[PDB]
Amino acid sequence: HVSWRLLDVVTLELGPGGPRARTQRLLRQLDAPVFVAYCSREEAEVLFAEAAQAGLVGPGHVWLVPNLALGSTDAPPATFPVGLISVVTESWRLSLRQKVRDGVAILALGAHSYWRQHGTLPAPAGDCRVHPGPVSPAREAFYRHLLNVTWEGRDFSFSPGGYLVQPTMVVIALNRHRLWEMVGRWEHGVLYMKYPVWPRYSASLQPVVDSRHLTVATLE
Amino acid sequence: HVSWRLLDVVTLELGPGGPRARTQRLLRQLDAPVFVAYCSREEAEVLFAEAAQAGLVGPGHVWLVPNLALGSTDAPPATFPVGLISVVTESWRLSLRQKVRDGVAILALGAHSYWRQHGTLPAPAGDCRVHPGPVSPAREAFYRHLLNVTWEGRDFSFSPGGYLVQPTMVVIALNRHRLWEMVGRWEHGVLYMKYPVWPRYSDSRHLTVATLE
Amino acid sequence: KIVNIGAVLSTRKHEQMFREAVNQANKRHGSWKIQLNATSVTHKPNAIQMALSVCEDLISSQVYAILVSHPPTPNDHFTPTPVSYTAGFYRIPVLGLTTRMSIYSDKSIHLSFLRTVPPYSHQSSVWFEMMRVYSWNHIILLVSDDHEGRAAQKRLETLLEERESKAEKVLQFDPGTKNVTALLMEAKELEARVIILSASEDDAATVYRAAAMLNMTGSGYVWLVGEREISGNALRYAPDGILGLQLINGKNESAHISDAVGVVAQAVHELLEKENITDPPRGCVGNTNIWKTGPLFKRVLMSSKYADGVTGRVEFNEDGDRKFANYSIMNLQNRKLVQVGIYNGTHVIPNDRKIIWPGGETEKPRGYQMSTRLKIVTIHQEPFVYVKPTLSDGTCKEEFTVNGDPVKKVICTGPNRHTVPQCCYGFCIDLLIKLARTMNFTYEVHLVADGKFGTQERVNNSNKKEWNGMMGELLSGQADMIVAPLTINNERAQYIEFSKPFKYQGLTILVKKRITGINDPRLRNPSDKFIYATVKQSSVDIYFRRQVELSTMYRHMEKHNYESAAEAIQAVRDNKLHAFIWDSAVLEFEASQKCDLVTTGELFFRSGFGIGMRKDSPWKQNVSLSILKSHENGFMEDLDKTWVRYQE
Ligand SMILES: *[C@@H]1O[C@H](CO)[C@@H](O)[C@H](O)[C@H]1NC(C)=O
Ligand SMILES: *[C@@H]1O[C@H](CO)[C@@H](O)[C@H](O)[C@H]1NC(C)=O
Ligand SMILES: *[C@@H]1O[C@H](CO)[C@@H](O)[C@H](O)[C@H]1NC(C)=O
Ligand SMILES: *[C@@H]1O[C@H](CO)[C@@H](O)[C@H](O)[C@H]1NC(C)=O
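Chains as they are written, first to last, in the authors' numbering: chain D, 190 to 409; chain B, 190 to 391, 399 to 409; chain A, 25 to 440, 448 to 544, 663 to 797.
Chain D extracted, bound-state conformation:
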């Protein structure tokens, strides 16, 4: 609904080798309270270091990145601004063993759901050396029945492309003590937040408060 007045889009060579002076000049000329960035982890560290050099990381601006950057999720490196916002899927804090338990469960339910339909488990087709096989209808039907699954109150529905559709993403942000923490959930297209206003921190912490913002009380 909102107009979403775009300000500027820029593409720069943030690779291991290149002219840093040109990128410094381009970053030095910008004016916008909100940034959205897309790059790789090494590109992310280079870009954030350069932004810290050219004073774009203070309490005035806000940065946003997708899940492609930020890497390990358990070891935030240096030069990562506090207040970084990303969006990751559910189960961003489970164990490796827990994830495999979900992986075997989804295969087991898929076979069981197909079992109720036809009472069988399709035979394997594993001749890597021979490499035979035209289009096969039995395996195709098994794969088609493998798409939708639901168990333990978690809806896994894969689109025709190999990605799941309608998940419950959780937004995360970098706390004041260099630690990822949850900020806001998302569940059937309605967003929630832990904070009614965005906490703004400073170089020496001591969260600053906007002078031209005020809270209004009332009732019905």
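Bear in mind the hints are in silico, worked out from the structure with no lab data behind them. It is possible that some hints are incorrect.
Heads up, incomplete: computed chain A residues facing chain B, CB under 8 Å, no partners named [as the list claims (entries may be wrong)]:
id	residue
1	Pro69
2	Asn70
3	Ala71
4	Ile72
Label pairs and their calculated CB-CB ranges [unchecked claim]:
id	chain 1	residue 1	chain 2	residue 2	range
5	D	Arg209	B	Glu231	27 to 33 Å
6	B	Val223	A	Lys202	53 to 59 Å
7	A	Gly307	B	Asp263	28 to 34 Å
8	B	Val386	A	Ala524	42 to 48 Å
9	A	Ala524	B	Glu202	39 to 45 Å
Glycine included, C-beta positions come from ideal geometry on N, C-alpha and C.
Following the hints, position chains B and A with the ligands against chain D.
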């Protein structure tokens, strides 16, 4: 007394062609029928060049700048908009000999105006090597009397700030000849206009409309 | 690479200190990537010769910066100009170790100039901070006609206007003057009592002597001065407890040299990595050019900070200011100065003993010494303020009422030419009686000198607009309160402040027994059948003028209207006027009182009544509280039924 509803004010930073990106974005989102600019002659060639790429030199738009820019009035440069209004002091077309004669005449007119008082013909200071002049003697009357002396029916009242107060000034513009021409004087505080309607000579705008009774 | 820097001093002993400082700075970075040199030149009694000496020094090497200091000469004004002009011709950045003149901050005249000590005009921020901390709102500023004093007063006024508070009274005297008791007498007749002083030492001493002779240095007064007014012969005779300020380590002339050298070295270290090595100019005759990267070097040096300086962290403002240097509060404790607190321009921290005040009291004085004898202005309106002539005995005739109590009457003088005394009574007079009894003051009622309610207007051949009538009298200072049916509008609220409303009303139509609200074309378009009028120089005129869509109606009204009163009601009665527009209560009382008059329709634009008072007057809170408590008591209902409801 007019309402004089202003649209916006923008402060640019234009110089060598290194930092010339934010200014283009600032000028791209500004629209007005009339602009008043303030920059030196060394920055006009940049600001008009940037404005010409953002659609700000069409006949529907007009400009107005002070006399600080356009230093070389004899040969106006390129990339300047056609029909830019500026204000210059009197005798803009006068010759150098005329200017020297006018200055000498003003100085000698002040000297003779004091001479009519039959007081003296004050002598200047000694030299530089002694650093003289600790106080101001009665010679300040010479400076005072050198203020309100006119010549050839031209007011030369000098303000205490060192600038003349109310000579006559004219308005000039660039016609379709790359040559400045007079438009109207401002004698006695009344504006004269040679053109009852602005010519607006030369996608577009400013379409003409007719109604009747 | 060899990097050369220059300096100019006059000690011939601190030059060795500068050499040691530059050597120590080169010890921080001496890997032959950048190598530092040093040059120095002494001052001369001749300014021109000093100029050619600076020329020779600049051509001596490829200088990149210039450092200048104050010699033992007593002419501290024009001392750094001969070097500054020649350096700025070539756009060579310079730094001033010790300088306080406020003429070098004009970047349009001095192209390249930096500084490491706060000039004299930046005290105003400290004064504003002190006023905010101590909560002193009504202040008086006395200054001189010099450029620095005018600039400081302008800065203080700009800060106050940003706070939207303004100054109570500003008075300035020409420099080098004596026997100036007239200005002090003029400033002594105001309620606000706090003095801000800024002048030379001799002027400060003369002002102190005049004030001591004028008794204005006693109790109840708190006057603060700057740093130049507490030195020399001025500090000899001065009232005790005078507040002041001083620099942290100013006039050292040696502590700032190390900081300047370090800053120059740090700037030139980063500058040398640029692609544009302009090779700063070497030449003084025939070189009619400028340094290609002079502005770049100036910008780089401006945005270069320091880690640990002797005078603290060093930064630069938009023009080269000291960037929050320290300041030390001072006092006058029995002919001896003393430190009372330390402030760095952002906050004050009292870390010393108690501070005494000119009257010798320990309690913190408050400004706005309140009076007790106010003048009151009013206007003649029928239901509210009745004007009657007095008897020969000196008292106007008594008039009892059916309730059993007499009507209160007061004596009002002023009305027209004449200034004869009369008697005033009615609604607003009773309200004034109760208000004065509650808030403990004395009144001297009078009338206006024009008859108009008051309307802002700008006369011809002028750019300033002055209020007329009662409103103009209030601002001019002739009246301290306005007890009259004065409506509250935005334009009025711009320049004064009202109390809470004590009566609500609006505008309606008076017609002698087709007329309706303002929608008929007979009213929208002029016609001889129906003629409407107002009272000019009033609020209704402004209301109908502040409407583009009603220009024709405004022109019709401006064709003819009354500068009058109930006389306009008579004009309606005499069939001369068709209908009248005015305040609701005024028309309604007369419509229900006499006979044969009826109000048409109902109110269409509503507004209230209020007492007028000067900007940020201290009387506002108590007036509002008393009015509210009289609303809720039921007293205003009794007053209403007595004066307005006893009809029909
Ligand atoms: C989708 O879910 C239904 C419900 O259990 C199941 O019967 C079906 O096999 C699944 N797959 C497809 C392709 O319908
Ligand atoms: C010009 O100024 C001088 C000041 O010395 C004064 O005496 C003289 O009357 C002035 N002339 C006019 C025409 O006002
Ligand atoms: C009124 O003033 C008198 C002295 O002038 C004082 O005695 C009395 O207490 C005061 N009353 C109030 C309510 O201020
Ligand atoms: C207002 O009333 C308070 C107490 O109610 C009193 O202290 C104060 O002096 C009054 N204000 C003025 C301006 O007299």
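Hint check results:
A least Cβ separation of about 7 Å between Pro69/A and chain B falls short of the 8 Å threshold, and the interface hint therefore holds. At its closest, the beta carbon of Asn70/A sits 5 Å from a beta carbon of chain B; the interface hint therefore holds under the 8 Å criterion. The beta carbon of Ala71/A is positioned within 8 Å of a beta carbon in chain B (closest approach about 6 Å), and the interface hint is therefore held. With a least beta-carbon distance of about 5 Å to chain B, the hint placing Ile72/A at the interface is held under the 8 Å criterion.
The beta-carbon spacing between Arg209/D and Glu231/B, approximately 31 Å, falls within the hinted interval of 27 to 33 Å. In this structure the supplied range 53 to 59 Å holds for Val223/B paired with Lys202/A, their Cβ-Cβ distance being about 55 Å. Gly307/A and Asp263/B have their C-beta atoms about 30 Å apart, which keeps the hinted 28 to 34 Å range intact. Here the CB-CB span from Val386/B to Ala524/A is close to 45 Å, well matched to the stated 42 to 48 Å.
Separated by about 41 Å at the C-beta atoms, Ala524/A and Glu202/B satisfy the suggested range of 39 to 45 Å.
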